[PDB]
Amino acid sequence: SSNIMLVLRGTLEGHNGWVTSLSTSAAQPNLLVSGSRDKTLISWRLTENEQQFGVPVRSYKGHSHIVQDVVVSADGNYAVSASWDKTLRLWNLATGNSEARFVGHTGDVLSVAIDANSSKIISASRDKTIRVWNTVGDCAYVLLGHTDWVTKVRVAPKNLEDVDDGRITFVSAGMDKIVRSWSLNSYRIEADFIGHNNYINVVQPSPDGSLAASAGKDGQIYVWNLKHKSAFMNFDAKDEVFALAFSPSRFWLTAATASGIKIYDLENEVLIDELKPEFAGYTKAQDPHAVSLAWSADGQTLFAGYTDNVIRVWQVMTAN
Amino acid sequence: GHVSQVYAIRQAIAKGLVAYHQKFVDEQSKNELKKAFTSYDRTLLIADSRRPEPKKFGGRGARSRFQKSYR
Amino acid sequence: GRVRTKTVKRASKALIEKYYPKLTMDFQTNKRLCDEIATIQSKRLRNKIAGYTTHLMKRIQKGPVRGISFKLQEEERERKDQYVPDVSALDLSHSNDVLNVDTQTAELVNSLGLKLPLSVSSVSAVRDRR
RNA sequence: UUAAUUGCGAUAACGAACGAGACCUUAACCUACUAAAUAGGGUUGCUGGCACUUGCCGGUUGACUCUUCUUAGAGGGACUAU
Ligand SMILES: [Mg+2]
Ligand SMILES: [Mg+2]
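Chains as they are written, first to last, in the UniProt record's numbering: chain P, 3 to 164, 167 to 189, 192 to 326; chain G, 73 to 143; chain B, 2 to 131.
Worth flagging that the hints you see were computed from the coordinates, not collected in a lab. A portion of the hints provided could be inaccurate.
Okay, derived cross-link-like pairs now, BS3-like style, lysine-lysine, Cα gap no bigger than 30 Å in a straight line [stated by the list, open to error]:
#1 P:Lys-290 / B:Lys-116
#2 P:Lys-130 / B:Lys-23
#3 P:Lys-244 / B:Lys-14
#4 P:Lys-63 / G:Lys-140
#5 B:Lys-81 / P:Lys-244
#6 G:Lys-128 / P:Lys-41
#7 P:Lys-181 / B:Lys-81
#8 P:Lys-130 / B:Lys-32
#9 P:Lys-41 / G:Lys-107
#10 B:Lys-116 / P:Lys-223
#11 B:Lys-32 / P:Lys-88
#12 P:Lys-88 / G:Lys-127
#13 P:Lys-41 / B:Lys-81
#14 P:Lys-223 / B:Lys-10
#15 P:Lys-130 / B:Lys-81
#16 P:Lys-181 / B:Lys-7
#17 P:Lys-290 / B:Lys-44
#18 P:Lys-244 / B:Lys-23
#19 P:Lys-223 / B:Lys-23
Here are the simulated distance ranges between beta carbons [unchecked claim]:
#20 G:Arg-143 / B:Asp-36: 53 to 63 Å
#21 B:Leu-119 / P:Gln-292: 53 to 63 Å
#22 P:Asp-304 / G:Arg-123: 27 to 37 Å
#23 B:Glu-77 / P:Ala-29: 44 to 54 Å
#24 B:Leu-46 / G:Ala-134: 25 to 35 Å
#25 P:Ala-29 / B:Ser-70: 28 to 38 Å
#26 B:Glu-37 / P:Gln-321: 53 to 63 Å
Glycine residues also receive a C-beta, built at the ideal position from the N, C-alpha and C atoms.
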């Protein structure tokens with residue numbers, strides 16, 4: 003069932019380091035902000051004309067070191083960048099200048115999260131801590147509880163929780181081999199998740215916000231319930247799964263293995279498609295793996311940022 | 073000196089154009105300018121790294137030496 | 002003339018042998034790891050140490066290499082060592098329960114006072130010219 | 001193989017010490033941080049001249065503001081990285 007084929011449609015050249023992270027806003031479907039190892043963000047405008055799927059719009063210089071995680075705002079006009087210089091930068095997606103410079107992490111920041119609304123900034127850093135900031139730039143909360151580095155923090159979207169609660173729930177993980185849930189208003195702990203043999207490389211809550219997918223070094227992908235606080239399922243990728251991403255339309259998990267990109271069909275608990283682009287002049291032992299994954303707003307296109315300094319887009323083209 | 077100043081103005085004008093286009097114009101224009109520039113006298117956007125070598129005793133030059141008598 | 006003298010090589014070897022699960026393929030991540038898990042005095046030596054650690058990690062990923070060892074590799078070696086075939090490689094499981102011996106060892110078996118299933122065959126005393 | 005008794009190694013040699021390297025000073029690169037009437041810049045004053053269109057080149061220790069260059073501290077950066 004669902005004989006869905008996805009084919010590479012364009013390549014977004016222009017970066018100069020590994021495209022570490024990607025982000026897309028639901029409101030604005032034709033804009034894509036990508037941060038790379040070249041210490042710069044790039045805003046891409048997507049064109050449905052010919053070979054190139056997008057067009058770079060603005061490069062955001064101002065970061066001294068590696069840019070790890072990139073998050074766009076809900077409205078699609080602001081972008082928060084986490085870099086390896088222990089600082090966070092807020093950028094106006096049109097002006098190109100920085101608005102706020104969040105400072106306070108003693109270790110280089112690895113991930114950043116946007117609030118459901120435009121209120122709070124959640125940042126994870128190597129200093130074993132999480133920081134909650136306002137949009138102005140000051141740090142409101144210093145959440146502890148992790149004894150090692152925290153690599154990924156992405157907010158669980160509130161779908162239909164009771167009506168309304170004014171409570172902000174997200175997850176956090178890193179080299180502590182644990183996954184933690186946090187609730188904000192106040193701004194304290196929630197349930198835990200201990201399933202990983204090795205340390206967690208990346209976590210990503212489902213678009214609805216009730217499934218949390220975590221991945222690690224051993225390629226052991228775990229899927230948990232947050233609102234139920236229980237395990238949902240478990241698979242093995244048998245490679246290095248660098249990044250993973252849910253899909254808005256389909257019930258799918260893209261996983262960036264060290265060898266290629268797997269897609270897991272969640273309802274059938276079986277992988278369906280594998281993505282391995284064709285490079286040239288290599289030795290098949292160091293083919294550029296994927297480090298960043300991001301689906302489109304609808305769930306029609308997939309953006310993958312590789313170590314070959316390239317964004318490649320796979321458009322879903324169901325060949326019957 | 074004179075020619076050093078001239079090359080400084082060259083670099084200043086080129087880098088100013090590129091930075092302005094990056095800041096307020098567009099990415100494609102900036103990359104086109106960089107392709108036009110760096111394909112011609114790479115120093116136009118990249119500062120030269122060669123600079124004078126400190127002098128040393130026993131030599132009237134930075135790397136030269138005095139004459140030897142030998143007899 | 003970059004040869005990476007004793008100190009960096011030994012330090013990287015110990016780093017791999019004590020921290021292989023945490024080490025990665027990337028230079029920058031391993032650089033931060035070197036900063037956190039080891040007290041390298043200067044930073045040029047830290048960078049050299051991380052670079053050689055990455056090189057040794059890449060060599061290990063390509064395959065097993067001499068000198069360095071760690072828990073995972075030693076466990077895999079022991080597991081491969083514990084391999085014993087369930088099928089028998091002796092006691093005439095092959096050659097339809099017949100072993101081929103010449104006359105002399107047949108007389109050896111006879112004079113030993115033992116009756117084993119033998120199969121006499123002359124050894125053609127003519128020797129190969131090599 | 002290395003500039004190197006520098007390493008890979010083979011081994012009645014095993015472990016080590018000095019030297020080399022490491023290390024400091026200096027020269028780079030920092031539109032990232034801290035800042036500056038004993039360094040510079042912008043806007044605006046108060047003026048000079050020419051143009052006459054709102055602009056150009058100036059002067060002022062008059063104000064507001066900034067740190068790109070100039071400085072110097074903490075740091076980053078290159079480890080033969082891919
Ligand atoms: Mg001279
Ligand atoms: Mg400066």
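Tested hints:
Between the alpha carbons of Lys-290 of chain P and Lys-116 of chain B the distance comes to roughly 59 Å, so the proposed pair goes past 30 Å and is violated. Restraint check for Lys-130 of chain P and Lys-23 of chain B: the C-alpha separation of about 16 Å stays at or below 30 Å, so the hint holds. In summary, the hint linking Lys-244 of chain P to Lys-14 of chain B is supported, as the alpha carbons are separated by about 26 Å, within the 30 Å threshold. Pair hint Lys-63 of chain P plus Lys-140 of chain G does not hold up; C-alpha atoms about 57 Å apart against a cutoff of 30 Å.
A C-alpha spacing of about 20 Å is found between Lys-81 of chain B and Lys-244 of chain P, which places the hinted pair at or below 30 Å, so the restraint holds. A distance of roughly 41 Å separates the Cα atoms of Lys-128 of chain G and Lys-41 of chain P; the hinted pair therefore is violated under the 30 Å criterion. Of the supplied pair hints, the one linking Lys-181 of chain P and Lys-81 of chain B holds, its CA atoms being roughly 29 Å apart against a limit of 30 Å. Of the supplied pair hints, the one linking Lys-130 of chain P and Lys-32 of chain B holds, its CA atoms being roughly 17 Å apart against a limit of 30 Å.
Proximity of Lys-41 of chain P to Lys-107 of chain G is assessed by CA-CA distance (about 21 Å); at most 30 Å being required, the pair is judged to hold. Taking the CA atoms of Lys-116 of chain B and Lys-223 of chain P, the gap is near 61 Å; set against the 30 Å cutoff, the hint is violated. A threshold of 30 Å between alpha carbons decides the hint, and for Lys-32 of chain B with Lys-88 of chain P the separation of about 16 Å falls inside it, so the pair holds. Restraint check for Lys-88 of chain P and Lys-127 of chain G: not satisfied, since their Cα atoms lie roughly 41 Å apart, outside the 30 Å limit.
Taking the CA atoms of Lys-41 of chain P and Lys-81 of chain B, the gap is near 46 Å; set against the 30 Å cutoff, the hint is violated. Taking the CA atoms of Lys-223 of chain P and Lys-10 of chain B, the gap is about 26 Å. The hint holds against a cut of 30 Å. Restraint check for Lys-130 of chain P and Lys-81 of chain B: the C-alpha separation of about 39 Å exceeds 30 Å, so the hint is violated. Between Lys-181 of chain P and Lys-7 of chain B, the direct Cα distance comes to roughly 35 Å. Violation of the 30 Å bound is thereby established for this hinted pair.
With a C-alpha separation of about 34 Å, the suggested pair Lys-290 of chain P and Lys-44 of chain B falls outside the 30 Å cut-off, and the hint is violated. The hinted pair formed by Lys-244 of chain P and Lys-23 of chain B meets the criterion: a straight-line CA distance of about 17 Å does not exceed 30 Å. A distance of roughly 9 Å separates the Cα atoms of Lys-223 of chain P and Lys-23 of chain B; the hinted pair therefore holds under the 30 Å criterion. The hint said 53 to 63 Å for the Cβ distance between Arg-143 of chain G and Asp-36 of chain B, and at roughly 60 Å that hint holds.
Distance hint check for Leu-119 of chain B and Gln-292 of chain P: the Cβ-Cβ separation is about 58 Å, which falls inside the suggested range of 53 to 63 Å. Between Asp-304 of chain P and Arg-123 of chain G the beta carbons are some 56 Å apart, a value that contradicts the proposed interval 27 to 37 Å. The hinted window of 44 to 54 Å between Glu-77 of chain B and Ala-29 of chain P holds, with their beta carbons roughly 51 Å apart. For the pair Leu-46 of chain B and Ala-134 of chain G, the beta carbons lie near 30 Å from each other, so the given range of 25 to 35 Å is met.
At about 55 Å, the CB distance of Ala-29 of chain P to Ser-70 of chain B disagrees with the hint of 28 to 38 Å. Separated by about 42 Å at the C-beta atoms, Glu-37 of chain B and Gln-321 of chain P break the suggested range of 53 to 63 Å.
Hints 1, 4, 6, 10, 12, 13, 15, 16, 17, 22, 25 and 26 from the list above are not met by this structure, while the remaining hints are.
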